[PDB]
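What follows is a single chain, given as structure tokens, in the form deposited without adenosine-5'-diphosphate (ADP).
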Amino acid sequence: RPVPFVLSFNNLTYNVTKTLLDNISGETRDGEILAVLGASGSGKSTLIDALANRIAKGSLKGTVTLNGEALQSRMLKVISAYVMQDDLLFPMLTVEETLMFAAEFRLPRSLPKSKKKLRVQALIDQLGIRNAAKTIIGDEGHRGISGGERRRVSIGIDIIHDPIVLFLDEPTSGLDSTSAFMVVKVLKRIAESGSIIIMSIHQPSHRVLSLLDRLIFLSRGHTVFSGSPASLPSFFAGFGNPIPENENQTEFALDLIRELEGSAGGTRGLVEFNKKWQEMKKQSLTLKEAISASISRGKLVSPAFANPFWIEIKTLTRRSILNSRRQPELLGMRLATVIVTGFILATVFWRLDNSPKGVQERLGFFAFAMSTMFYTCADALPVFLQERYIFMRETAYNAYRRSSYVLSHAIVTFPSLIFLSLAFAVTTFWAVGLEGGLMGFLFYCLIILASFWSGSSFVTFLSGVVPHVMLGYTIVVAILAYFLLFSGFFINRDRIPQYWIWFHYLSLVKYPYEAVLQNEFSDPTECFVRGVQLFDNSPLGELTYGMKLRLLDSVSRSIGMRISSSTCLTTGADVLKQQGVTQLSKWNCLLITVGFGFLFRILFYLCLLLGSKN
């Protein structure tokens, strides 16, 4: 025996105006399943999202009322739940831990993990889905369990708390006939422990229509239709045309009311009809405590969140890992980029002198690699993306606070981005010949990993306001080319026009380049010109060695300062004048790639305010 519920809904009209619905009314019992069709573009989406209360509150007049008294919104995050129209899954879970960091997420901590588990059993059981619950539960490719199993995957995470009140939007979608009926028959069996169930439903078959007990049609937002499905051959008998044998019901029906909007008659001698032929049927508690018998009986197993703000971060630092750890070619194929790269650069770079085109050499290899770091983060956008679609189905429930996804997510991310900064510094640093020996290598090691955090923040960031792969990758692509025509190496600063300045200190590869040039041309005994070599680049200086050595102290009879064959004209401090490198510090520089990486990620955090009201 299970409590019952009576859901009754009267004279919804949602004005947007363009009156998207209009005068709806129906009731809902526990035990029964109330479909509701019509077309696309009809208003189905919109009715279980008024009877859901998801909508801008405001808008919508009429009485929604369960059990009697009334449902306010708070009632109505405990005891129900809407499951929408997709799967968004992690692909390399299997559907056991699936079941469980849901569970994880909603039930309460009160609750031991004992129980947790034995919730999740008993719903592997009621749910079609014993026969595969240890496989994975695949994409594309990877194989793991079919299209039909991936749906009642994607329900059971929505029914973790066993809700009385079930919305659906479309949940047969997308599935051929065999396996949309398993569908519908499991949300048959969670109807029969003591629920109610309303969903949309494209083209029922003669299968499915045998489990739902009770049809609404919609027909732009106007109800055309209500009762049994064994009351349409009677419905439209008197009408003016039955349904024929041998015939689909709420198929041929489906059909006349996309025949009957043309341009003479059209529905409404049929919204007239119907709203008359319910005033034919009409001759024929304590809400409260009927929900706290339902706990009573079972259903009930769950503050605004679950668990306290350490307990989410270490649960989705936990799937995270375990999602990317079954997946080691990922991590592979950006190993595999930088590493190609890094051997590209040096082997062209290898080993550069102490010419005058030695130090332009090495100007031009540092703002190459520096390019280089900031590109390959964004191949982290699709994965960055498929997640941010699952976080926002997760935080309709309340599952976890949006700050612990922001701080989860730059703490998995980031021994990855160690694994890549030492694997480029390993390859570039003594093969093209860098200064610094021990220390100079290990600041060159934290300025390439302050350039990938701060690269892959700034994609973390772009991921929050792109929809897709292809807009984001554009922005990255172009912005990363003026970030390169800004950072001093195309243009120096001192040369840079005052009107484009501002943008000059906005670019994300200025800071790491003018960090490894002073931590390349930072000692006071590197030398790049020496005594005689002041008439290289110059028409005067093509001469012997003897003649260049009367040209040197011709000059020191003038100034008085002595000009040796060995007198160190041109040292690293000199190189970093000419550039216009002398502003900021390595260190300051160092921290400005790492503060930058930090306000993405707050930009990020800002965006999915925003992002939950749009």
Second form
2 protein chains.
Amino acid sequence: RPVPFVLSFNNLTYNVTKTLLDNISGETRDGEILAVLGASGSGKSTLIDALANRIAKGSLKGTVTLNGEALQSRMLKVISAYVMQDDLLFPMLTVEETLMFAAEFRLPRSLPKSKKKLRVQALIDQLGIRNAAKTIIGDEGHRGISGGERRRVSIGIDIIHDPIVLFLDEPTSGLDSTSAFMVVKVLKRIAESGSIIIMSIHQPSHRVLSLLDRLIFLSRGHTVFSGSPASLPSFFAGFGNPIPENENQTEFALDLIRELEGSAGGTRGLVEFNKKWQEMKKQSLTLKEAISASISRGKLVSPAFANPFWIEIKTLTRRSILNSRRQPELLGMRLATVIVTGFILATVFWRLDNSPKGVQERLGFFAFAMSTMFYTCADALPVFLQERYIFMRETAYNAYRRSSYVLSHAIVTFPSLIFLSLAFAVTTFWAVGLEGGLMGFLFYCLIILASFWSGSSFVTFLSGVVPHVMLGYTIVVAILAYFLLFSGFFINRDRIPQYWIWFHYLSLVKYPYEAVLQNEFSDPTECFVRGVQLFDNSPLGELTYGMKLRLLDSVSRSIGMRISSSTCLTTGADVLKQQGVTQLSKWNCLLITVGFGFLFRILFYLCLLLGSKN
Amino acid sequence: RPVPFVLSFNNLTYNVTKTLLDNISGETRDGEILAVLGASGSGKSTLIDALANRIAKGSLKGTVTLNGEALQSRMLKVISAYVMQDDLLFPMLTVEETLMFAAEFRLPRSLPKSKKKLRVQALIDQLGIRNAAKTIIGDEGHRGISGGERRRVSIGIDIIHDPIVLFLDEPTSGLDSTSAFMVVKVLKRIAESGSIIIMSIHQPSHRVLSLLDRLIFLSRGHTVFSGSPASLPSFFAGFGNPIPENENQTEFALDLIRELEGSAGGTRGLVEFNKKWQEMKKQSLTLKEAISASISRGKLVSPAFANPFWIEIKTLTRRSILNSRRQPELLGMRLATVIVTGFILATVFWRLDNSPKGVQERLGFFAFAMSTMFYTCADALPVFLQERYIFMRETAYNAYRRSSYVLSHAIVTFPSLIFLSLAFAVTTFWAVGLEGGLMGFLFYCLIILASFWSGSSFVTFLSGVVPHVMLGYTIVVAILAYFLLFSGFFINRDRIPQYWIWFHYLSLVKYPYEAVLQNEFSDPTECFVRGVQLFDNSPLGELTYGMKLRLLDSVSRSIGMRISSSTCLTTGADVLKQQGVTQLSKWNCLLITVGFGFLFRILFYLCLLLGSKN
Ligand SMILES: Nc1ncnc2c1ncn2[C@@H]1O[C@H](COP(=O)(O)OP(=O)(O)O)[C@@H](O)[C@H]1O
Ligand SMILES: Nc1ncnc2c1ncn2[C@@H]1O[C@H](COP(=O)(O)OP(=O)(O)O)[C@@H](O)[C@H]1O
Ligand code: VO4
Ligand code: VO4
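For comparison with the form deposited without adenosine-5'-diphosphate (ADP), provide the form deposited with adenosine-5'-diphosphate (ADP) bound.
First the chain shown before, then all remaining chains and molecules of the complex.
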């Protein structure tokens, strides 16, 4: 005993000149699986984008009406669901967990978790995925569910709130003949409890034609057949091309059209025959209370967001913990890239002396060290697009906010970055022989952690801007190399030209590099030229030890300073003056590294706003 | 009027303990499309790997026999074809071009090109791809042929020599119901001219069961049904589970097995019933001259390789030219990465002076310049795996040699690297103000070209070793950073520790870097300390210009040399002695850069030998 809903769309015209829809009529009751057949550019993903109100208002001339209140974009978020054309699921999540996260995101917080689990277990029985309810989804290399049980979990995510109107953009694409029948057979099970189901389909099997109660064929818009599948034999015989038996009728009715548009003819002879056939077959409670009559039976489980910003920030945290705990070779390869570089940098630069050449090796250690923190954060660019192609699916239903997505993904990566910062610091502080003691080691861990934080935020920012993972990881390798060229190591700040001293201050490597130099070269006790080391690698004065002091006493002719055999002519403060590291403190250079991390998480949030407009 | 061939395999047992095949019997005449049905781990890609002789000899107990001479792995290279399970095609090639390259690779050179084009045009009519014969194949973003016309080109490549025995590993996987019927319908057209076709199939449609004349069901080996599809209703009724009508017969016979293996029961009740059914149904010219009788009709178009090493080196050249000419945004992104870095490096290091700090900026220019040649060659790692996943397909047929593949792919990239070497050299020689004149510019182009050649060969070598494009481009970014740390720029050769002075000499960046330093700092006229530059950035001697000459005359107290106000205390030969660039000439450092390129193309060739063993 369902509640009857009648989705009637009378005339549709969408022009982008180039028209895409032209006077498509339709009428679909509950219990029916109206199918929109067509071509690969016919615009059948545009027709159901116009019934789901997913195009601009005012650019769609005509009415899409339910039984009652005109069906504008206020009811088509509580009672509607639009299933897109992919299976964008997290692969380390089981089928019961994937539908329970969608239940915790979109079902209201007034429901208990025992009632949200009762919705998931009733949905797993409905989709026919009870045998794979505890099997993970799986990508190409993790041995999960099949390709046609990955579609009913994709369908099951969008119907977790139990809609009474269901749009699907090609739910049988990519599947074989025996599992595309299983998808429409559970859509028939959905559309017998009261749902209106409107789907696109390229080439249906003969088994899925007694499930579909209505068909619509499109030809660059321009509906050429619109009726029951049983009336499809007695439509083209009147047109001029009768169909033979022992042949799929929708197969013959589709390849006939793709040779009929011609060059001198056209589909116009077939368009005007469609309105001929619809004219001759006619000789044969409010909406808001009908929606509430569905909830009395129970046909609608579900404010803009069902959860507060602090509830959906612990659910997105629990997803990202579970998706990385079950995928541990991601922080096994990023961990053994900072340990391998940490072991290499510690043994090459092992216990650097206070020579003038051992000072330039500190500048070369700290430039290679602080660039590892930015290059190992670029390895996470594969699983940053994968988490935001699923985010763009779940933003259409308002499962969570964009603020709760950016904040909960800055949170889950941070215990990973604390472990990467201690692994790189205990390998390279005591082995390179860095200065500071223990309070210089704690700052060394803090500036590695801020460089992991500023580097993860930049690669996160460079994932709302790049489409591809190979274009993005070529661009981020090139840009971080320019951040290293402008860090002040290859060319100093007072030597960079004036048309280029703006990307020096925009360098992400500069402020970690300038903070470890004055963590290391800030000590009045350590010395790098002890009086005799003036004339050591000079172009003169290659003496044994004698008569160098007479050269040092000869310096007192011109200045008056009494230079002895050990007088400490170069401290660490003179190294920083040679390199130009004088403008900011090491704590101010730590704030800019933390501040550049917060900047690129805000700019990532602003690129999710403009990506929502697309 | 075909020539009858009867492929009879009587008993097969393959053990890897873990038995994978157990006593599979079969008998397939010409004109029949024997199908091997099963599960997702049943080992039905192992049964046709044992009929194609693609497993180890002696590990397969039993006979796979044709009508005659026992069918060992000498006839299964001329008369056989094994179609694997993918569509590994170059996407910028048209359908007529993709089959003409396979005709130029595998048809004998005794045939004219007019007879090889007559084979391709007869094959395009046979596969039913005449409408898409001049359409390109296309990847996900280049708008090519469909997914089920990409399979008949994949099938059409392997049957270009017109085999009389055809094995296919799942030729209907990934397709929909209407194009998997089109694949078996052209296989029915192939297997009416005289071919024996043996294919694996997961779930066949009801239309493809009157084309298949024989079926074999497997259950972890262990053939459970082996007969005609019409005898499939009258097999399970005798077993104990009769099938209802209006139901696909192979659909019910497959999900019955996946619930029958149980935990306390097993498929053993179904295995021993298969030999029951085969016993009760039986109550109802040499091979070498039968093969030559097929060529009399014309059923075999096709030495180990059909072409010499110089003919298939111009065909692989013509493929790689056509695949890159029609994909020009590959050398549009690698070109605008050496021009953008070339413009950045030329304007930052614009006209470097002869200061002591402008010397260290030359070492920083040349380290960043010579590392661009290795990092921009790592962008080609996507299309290096794609060209060698297609190479592993075409090595199984001996379409070309491994030597002709390595040599023709070192050849086609070289005019691309000459243009990248002139684009980086004319941007950065005259703008940075490098020394040498015009004979120092020609060496500058040669060492950029050798660094592009040594860097392309290393990334080519690191594509037979890595499976994945993201693992490989993380590894090659990390290793080339270690080639740069050991180049002698970050730490000099005489300062690198003795447990690490073997990766310094294995550094790929070291020899380009050491060759441009003694192309630049090898001039007895240029000078970097002109007498007064002793005490200009010293910790003392900060005079105006006066009384420094008394300090310089004071050097003659202990040395005896008359140091004047302009005496050239540091030439370019003293810069190279400070950096340790003394062991090799710039022409010897150019030979090691060219020699490291030839080393990594030999090691790439040796990794294709060991990849053939897998
Ligand atoms: N989201 C979109 N934004 C912009 N243009 C679109 C969008 N979707 C489709 N189009 C365009 O609309 C036209 C009609 O195609 P469409 O009806 O979407 O095809 P199909 O029936 O294959 O799904 C195409 O030219 C396509 O480029
Ligand atoms: N080329 C191969 N090398 C090694 N093991 C293989 C190979 N192909 C299959 N196997 C193994 O053989 C077993 C049987 O699977 P198989 O018969 O290939 O399956 P399917 O019927 O799905 O093609 C599996 O455990 C698989 O790991
Ligand atoms: O171009 V459409 O594939 O979405 O049929
Ligand atoms: O594991 V097998 O897919 O090759 O059916």
